[PDB]
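Participant: Spelled out, the chains give:
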Amino acid sequence: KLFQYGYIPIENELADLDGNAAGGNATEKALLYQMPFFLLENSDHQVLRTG
Amino acid sequence: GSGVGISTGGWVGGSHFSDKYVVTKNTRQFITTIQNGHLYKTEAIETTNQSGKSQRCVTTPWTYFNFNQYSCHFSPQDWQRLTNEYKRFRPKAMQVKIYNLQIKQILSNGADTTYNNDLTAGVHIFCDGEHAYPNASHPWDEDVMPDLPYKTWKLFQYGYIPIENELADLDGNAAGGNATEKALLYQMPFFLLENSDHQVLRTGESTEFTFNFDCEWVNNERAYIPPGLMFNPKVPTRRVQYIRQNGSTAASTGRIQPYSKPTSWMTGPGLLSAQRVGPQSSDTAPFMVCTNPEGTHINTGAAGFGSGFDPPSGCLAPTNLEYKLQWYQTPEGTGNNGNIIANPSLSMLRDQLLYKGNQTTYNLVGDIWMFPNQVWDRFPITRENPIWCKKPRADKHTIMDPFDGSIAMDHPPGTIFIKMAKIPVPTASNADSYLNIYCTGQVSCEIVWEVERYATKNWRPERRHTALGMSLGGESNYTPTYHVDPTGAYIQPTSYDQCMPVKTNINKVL
Amino acid sequence: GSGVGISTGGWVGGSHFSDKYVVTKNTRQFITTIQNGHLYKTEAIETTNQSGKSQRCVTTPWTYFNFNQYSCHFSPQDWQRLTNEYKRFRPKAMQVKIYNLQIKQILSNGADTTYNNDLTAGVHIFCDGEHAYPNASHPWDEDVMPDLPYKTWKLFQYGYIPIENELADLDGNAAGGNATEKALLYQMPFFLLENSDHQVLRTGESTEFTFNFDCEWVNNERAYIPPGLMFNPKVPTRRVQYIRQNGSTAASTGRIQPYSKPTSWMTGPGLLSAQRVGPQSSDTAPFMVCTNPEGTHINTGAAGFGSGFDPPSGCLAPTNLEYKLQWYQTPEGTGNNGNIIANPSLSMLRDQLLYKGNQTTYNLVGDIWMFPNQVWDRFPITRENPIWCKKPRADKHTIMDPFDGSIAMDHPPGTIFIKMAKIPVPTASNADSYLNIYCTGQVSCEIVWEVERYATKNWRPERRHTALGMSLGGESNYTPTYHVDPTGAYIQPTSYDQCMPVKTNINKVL
Numbered sequence: 186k187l188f189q190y191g192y193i194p195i196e197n198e199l200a201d202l203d204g205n206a207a208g209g210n211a212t213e214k215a216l217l218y219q220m221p222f223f224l225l226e227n228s229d230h231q232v233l234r235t236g
Numbered sequence: 033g034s035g036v037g038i039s040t041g042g043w044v045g046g047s048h049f050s051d052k053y054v055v056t057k058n059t060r061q062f063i064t065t066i067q068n069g070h071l072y073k074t075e076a077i078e079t080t081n082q083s084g085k086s087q088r089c090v091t092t093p094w095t096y097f098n099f100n101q102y103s104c105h106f107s108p109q110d111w112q113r114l115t116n117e118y119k120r121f122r123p124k125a126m127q128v129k130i131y132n133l134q135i136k137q138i139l140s141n142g143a144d145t146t147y148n149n150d151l152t153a154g155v156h157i158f159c160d161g162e163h164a165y166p167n168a169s170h171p172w173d174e175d176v177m178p179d180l181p182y183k184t185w186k187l188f189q190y191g192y193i194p195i196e197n198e199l200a201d202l203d204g205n206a207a208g209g210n211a212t213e214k215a216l217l218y219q220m221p222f223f224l225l226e227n228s229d230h231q232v233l234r235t236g237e238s239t240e241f242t243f244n245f246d247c248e249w250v251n252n253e254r255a256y257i258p259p260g261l262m263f264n265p266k267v268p269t270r271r272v273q274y275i276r277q278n279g280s281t282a283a284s285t286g287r288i289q290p291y292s293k294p295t296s297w298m299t300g301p302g303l304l305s306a307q308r309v310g311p312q313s314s315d316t317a318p319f320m321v322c323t324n325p326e327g328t329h330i331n332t333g334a335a336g337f338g339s340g341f342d343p344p345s346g347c348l349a350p351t352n353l354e355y356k357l358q359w360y361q362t363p364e365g366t367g368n369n370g371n372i373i374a375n376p377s378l379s380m381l382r383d384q385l386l387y388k389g390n391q392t393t394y395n396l397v398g399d400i401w402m403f404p405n406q407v408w409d410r411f412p413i414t415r416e417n418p419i420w421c422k423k424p425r426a427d428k429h430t431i432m433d434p435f436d437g438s439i440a441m442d443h444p445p446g447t448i449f450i451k452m453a454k455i456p457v458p459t460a461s462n463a464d465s466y467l468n469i470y471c472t473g474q475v476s477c478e479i480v481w482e483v484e485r486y487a488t489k490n491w492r493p494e495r496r497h498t499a500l501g502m503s504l505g506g507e508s509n510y511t512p513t514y515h516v517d518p519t520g521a522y523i524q525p526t527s528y529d530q531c532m533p534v535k536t537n538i539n540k541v542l
Numbered sequence: 033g034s035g036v037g038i039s040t041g042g043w044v045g046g047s048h049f050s051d052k053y054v055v056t057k058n059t060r061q062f063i064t065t066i067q068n069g070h071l072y073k074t075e076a077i078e079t080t081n082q083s084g085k086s087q088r089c090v091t092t093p094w095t096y097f098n099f100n101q102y103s104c105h106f107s108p109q110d111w112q113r114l115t116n117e118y119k120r121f122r123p124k125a126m127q128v129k130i131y132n133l134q135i136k137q138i139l140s141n142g143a144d145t146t147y148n149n150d151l152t153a154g155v156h157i158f159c160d161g162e163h164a165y166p167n168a169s170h171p172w173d174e175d176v177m178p179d180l181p182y183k184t185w186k187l188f189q190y191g192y193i194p195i196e197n198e199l200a201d202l203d204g205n206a207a208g209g210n211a212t213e214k215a216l217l218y219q220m221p222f223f224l225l226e227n228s229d230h231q232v233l234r235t236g237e238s239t240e241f242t243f244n245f246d247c248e249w250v251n252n253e254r255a256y257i258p259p260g261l262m263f264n265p266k267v268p269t270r271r272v273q274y275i276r277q278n279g280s281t282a283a284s285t286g287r288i289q290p291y292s293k294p295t296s297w298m299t300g301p302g303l304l305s306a307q308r309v310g311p312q313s314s315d316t317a318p319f320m321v322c323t324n325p326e327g328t329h330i331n332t333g334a335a336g337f338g339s340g341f342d343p344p345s346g347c348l349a350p351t352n353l354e355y356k357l358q359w360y361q362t363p364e365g366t367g368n369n370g371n372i373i374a375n376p377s378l379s380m381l382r383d384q385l386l387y388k389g390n391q392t393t394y395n396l397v398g399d400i401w402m403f404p405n406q407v408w409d410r411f412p413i414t415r416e417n418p419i420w421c422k423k424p425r426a427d428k429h430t431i432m433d434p435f436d437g438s439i440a441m442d443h444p445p446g447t448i449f450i451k452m453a454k455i456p457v458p459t460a461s462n463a464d465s466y467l468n469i470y471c472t473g474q475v476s477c478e479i480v481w482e483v484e485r486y487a488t489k490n491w492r493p494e495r496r497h498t499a500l501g502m503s504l505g506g507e508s509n510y511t512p513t514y515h516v517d518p519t520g521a522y523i524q525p526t527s528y529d530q531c532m533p534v535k536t537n538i539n540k541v542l
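Protein chains in written order, with the deposited numbering: chain A, 186 to 236; chain B, 33 to 542; chain I, 33 to 542.
Fair warning: there could be bad hints in the mix.
[Claimed, not checked] Think about it this way: if two alpha-carbon atoms lie no more than 16 Å apart in a straight line, the pair counts; the simulated EDC-like pairs of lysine to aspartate or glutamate are:
#1 A:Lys214 x A:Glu198
#2 I:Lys129 x I:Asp160
#3 B:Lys266 x B:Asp246
#4 B:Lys423 x B:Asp51
#5 I:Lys293 x A:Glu196
#6 B:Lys129 x A:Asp229
#7 B:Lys356 x B:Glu162
#8 I:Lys52 x B:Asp51
#9 I:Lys129 x I:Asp51
#10 B:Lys52 x I:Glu196
#11 I:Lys214 x I:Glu240
#12 B:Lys540 x B:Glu484
#13 I:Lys489 x A:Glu198
#14 I:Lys422 x I:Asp173
#15 B:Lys422 x B:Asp246
[To be verified] Stretches of chain B that chain A covers, calculated by requiring three or more beta carbons in the stretch to come under 8 Å of a beta carbon on chain A:
#16 179-188
#17 251-263
#18 363-375
[What the hints assert, rightly or not] Not the full set, but computed from the structure, chain B residues with beta-carbon under 8 Å of chain A:
#19 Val55
#20 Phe121
#21 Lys124
#22 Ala125
#23 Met126
#24 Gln127
#25 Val128
#26 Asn132
#27 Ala499
#28 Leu500
Please keep in mind that the hints were generated in silico from the structure rather than gathered at the bench.
Ideal Cβ placement from N, Cα and C applies to all residues, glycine included.
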């Protein structure tokens with residue numbers, strides 16, 4: 186039984202958004218703004234039927 | 033081999049960037065269904081009827097593939113890399129494939145419905161490349177291919193407007209008897225997609241269509257100064273400025289100042305005079321392009337007959353929000369929710385103005401027409417803009433700049449029509465019952481884009497589209513733009529700059 | 033032809049970007065003068081003498097060309113385009129030309145001085161490509177070629193340190209008699225650039241030097257996650273975590289949680305333990321790399337003998353400002369004025385930490401050494417960083433990562449030495465008077481850079497270096513970075529991000 190494919194886009198506590206009112210977490214949003222998102226549909230791949 | 037159980041084609045996608053070319057491949061999963069119960073119908077399209085604006089369309093059984101938008105062909109990464117690294121681009125060639133068809137029968141007993149694959153049912157597929165039938169695609173439609181490759185693409189029914197309704201209104205009167213109005217109806221064209229030859233495909237079969245563009249470039253380079261500043265303020269000028277007597281101040285002859293030299297160039301055309309009208313229901317545009325041949329009867333007037341021309345200001349500065357081009361990212365979007373307003377690209381060939389001075393002061397010229405020595409840049413298209421527009425067939429036409437930014441082609445890509453082959457059913461009546469089926473399959477559009485890289489002698493850095501130009505969204509609002517919500521929702525750009533327009537980054541010496 | 037009145041070479045400059053290559057051409061106007069009155073001298077370099085830190089250098093008549101920095105070869109435009117469009121780059125080949133020499137005599141009568149061109153005076157030009165003489169160039173020197181092509185380049189005198197002073201201090205004592213200390217002096221090398229053969233050039237003549245690099249790449253791609261998150265949090269793990277008894281809580285055996293899997297990878301080395309010392313005058317670095325052979329006498333101790341190793345933390349997070357790499361844009365810069373501090377590039381192979389847990393909690397490991405399975409990225413070099421560093425000649429050495437980011441080459445580009453040929457003057461005394469001349473000329477460095485373009489399957493946009501990342505400066509503060517003040521001053525970047533570092537933009541799947 187195969188398992189679902191997933192991946193970690195970012196380190197969470199770095200992106201936590203927790204921050205504070207004093208800092209305003211600008212460097213923390215910057216990590217989110219560039220958080221890669223991969224679709225396996227970008228690449229070419231084969232579609233197979235029973236035969 | 034070939035047959036049931038042998039896939040016809042595989043999945044393609046991605047993009048390959050080169051110096052001369054960019055090849056963007058895409059594949060989607062589409063679903064089309066029986067439309068109108070396999071009938072052609074001409075019915076009136078009625079609004080709330082608060083105003084006499086009405087429309088009449090003939091709706092076909094056919095559905096069609098709309099590939100027209102940039103969002104379909106480029107990912108946000110492929111777009112960013114396109115608009116940052118290249119000064120201009122155009123679509124060399126386009127190749128569409130429709131394969132891996134599955135026609136399944138819908139069996140509904142009570143509430144629960146089941147799906148059984150019949151395997152002998154076909155689909156009709158027809159590409160109109162000569163444009164003999166009315167064009168299905170129109171810019172800024174929601175029918176376009178989806179952005180995300182894993183979303184299903186639900187095709188839309190094909191219909192067209194046979195006649196302008198209020199011209200055909202039959203309203204008339206007892207005095208006129210509306211003879212010229214019937215004459216419009218008597219010749220009202222009726223198009224059947226069955227006239228032409230087209231392919232019928234079963235599951236084992238596929239089809240392919242290729243298109244070759246020839247069209248104008250889309251220029252990504254920005255003007256840093258207006259063409260009026262193309263001079264040198266240190267060098268004196270030979271010209272004279274004579275100012276006629278104004279009130280007490282006597283007429284003065286004197287050399288024009290070095291820092292302000294006369295420009296030989298004028299503002300690109302546009303119309304600021306008009307304003308929008310009426311409720312959201314009626315056609316609201318500031319200008320109405322209409323046809324009113326003599327003898328016909330129009331009771332409602334105003335925007336009832338005619339279609340609105342918007343945005344009215346082509347190159348001019350959008351003084352008001354009405355003039356700014358605006359759209360929605362998602363069909364779920366309602367007023368102020370999910371709407372994107374065009375903003376200045378800070379290109380000095382864009383957002384021009386023209387002031388008519390009297391003796392005392394200057395005043396804004398409301399509407400300016402084509403005039404010699406006018407130079408301007410086309411709308412700074414984003415990734416969500418339509419790629420092309422179909423130029424009408426007409427004897428005469430002026431310069432073609434659509435103010436939405438789209439390219440006007442007299443032979444755009446053909447519209448690919450597809451529908452369920454009608455499977456009749458025996459019935460003792462005339463009830464002409466048919467079998468309920470649908471087809472899903474895989475369509476792949478692959479376009480070859482002709483690009484040319486910039487080169488500059490500028491010393492300084494230039495603006496570039498950056499991911500830092502994005503905002504968070506989704507539930508708990510920790511997901512960036514162009515990314516997926518925990519529910520799975522795709523986060524749409526909330527601003528014009530997150531759509532990464534052209535004519536912003538790269539500088540071009542005027 | 034050739035001679036006086038025929039220019040030897042023209043001006044070259046600019047950059048040509050390709051897919052495989054980038055060729056950056058530059059030409060500058062340099063001026064070199066008589067140094068030390070044509071003498072070699074070994075004098076002590078003395079500070080305020082609040083501490084016993086001293087140095088001894090032998091100063092030559094020679095001056096030299098330092099090409100080592102990126103700011104010289106790339107404009108801010110060429111750099112932006114380099115770091116945005118390319119994942120890695122290295123210097124294939126380098127070509128230096130020295131031409132259009134002018135040797136002029138300085139005639140000073142009273143205050144006013146005049147300049148007469150003699151035309152028969154030559155200049156000595158010597159390139160050391162075998163590195164037989166001590167290296168002149170050292171990273172982060174102010175002697176480097178100027179950024180702006182129209183500024184004059186004033187060369188610096190060549191000198192070198194023959195011996196470590198406190199080892200040679202002669203201080204000793206009456207008991208030891210410092211025998212091993214004299215032994216260091218007795219063999220103290222003395223290098224004359226006149227030993228080697230070199231060219232003498234007059235105005236009509238020019239010269240040329242070519243260099244071929246072979247070195248490591250400079251990688252511009254960013255790590256979005258740490259190597260510790262290279263797993264899949266949905267899949268369970270087979271591993272067990274046994275926790276020994278702590279206080280009351282009993283020892284627990286249990287499967288490791290799916291969301292936190294063990295990493296096979298560890299933090300890149302670095303040293304956070306040490307802190308800077310003493311006044312700005314003495315060498316302040318947190319670690320001192322020194323040599324203290326037995327029998328020698330050191331009275332001052334501490335940083336008197338040895339050179340400071342900074343920044344001490346190679347990959348580790350710079351907990352304090354002391355550890356952050358920092359410099360000045362302009363030699364006029366004093367404390368806090370015009371200083372640029374390195375900031376996180378937000379690369380997850382950079383700014384790592386390591387915590388040693390006890391039973392109750394985790395604590396920061398101060399200094400971590402080379403250990404297996406350590407992966408890290410080199411310093412995110414900006415445009416103002418040195419290109420290369422000279423690797424010492426030594427039997428054994430560990431992995432070469434200079435923490436300033438520079439590339440350690442065992443044969444960097446040769447140092448081009450140049451000086452005024454001594455024109456003697458008759459004097460009845462021994463006063464060995466000479467004729468006062470200088471030479472100005474045009475040097476052109478042209479480097480071929482080997483670049484390779486990125487490709488990504490990432491869907492989203494990525495960060496890019498944008499001109500919107502700049503600040504205003506100058507008088508009245510309306511001039512941007514990398515632009516010229518009304519006085520003519522060139523506006524320097526005030527932040528690390530305006531220097532456009534690498535390892536920020538482009539993503540790299542770990």
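Participant: Please go over all the hints and tell whether each is borne out by the structure.
Facilitator: Going down the list of hints, with the structure as the test:
| no. | hint | result |
| --- | --- | --- |
| 1 | A:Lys214 x A:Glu198 | holds (12 Å) |
| 2 | I:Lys129 x I:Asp160 | holds (15 Å) |
| 3 | B:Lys266 x B:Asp246 | violated (45 Å) |
| 4 | B:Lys423 x B:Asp51 | violated (30 Å) |
| 5 | I:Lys293 x A:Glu196 | holds (14 Å) |
| 6 | B:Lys129 x A:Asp229 | holds (14 Å) |
| 7 | B:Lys356 x B:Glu162 | violated (35 Å) |
| 8 | I:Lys52 x B:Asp51 | holds (12 Å) |
| 9 | I:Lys129 x I:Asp51 | violated (26 Å) |
| 10 | B:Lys52 x I:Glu196 | violated (59 Å) |
| 11 | I:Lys214 x I:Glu240 | violated (43 Å) |
| 12 | B:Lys540 x B:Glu484 | holds (14 Å) |
| 13 | I:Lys489 x A:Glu198 | violated (25 Å) |
| 14 | I:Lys422 x I:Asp173 | holds (14 Å) |
| 15 | B:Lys422 x B:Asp246 | holds (13 Å) |
| 16 | 179-188 | holds (count 3) |
| 17 | 251-263 | violated (count 0) |
| 18 | 363-375 | violated (count 0) |
| 19 | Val55 | violated (12 Å) |
| 20 | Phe121 | violated (20 Å) |
| 21 | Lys124 | violated (20 Å) |
| 22 | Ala125 | violated (18 Å) |
| 23 | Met126 | violated (18 Å) |
| 24 | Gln127 | violated (14 Å) |
| 25 | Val128 | violated (16 Å) |
| 26 | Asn132 | holds (6 Å) |
| 27 | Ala499 | holds (4 Å) |
| 28 | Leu500 | holds (5 Å) |
Hints 3, 4, 7, 9, 10, 11, 13, 17, 18, 19, 20, 21, 22, 23, 24 and 25 from the earlier list are contradicted by this structure; the remaining hints agree with it.
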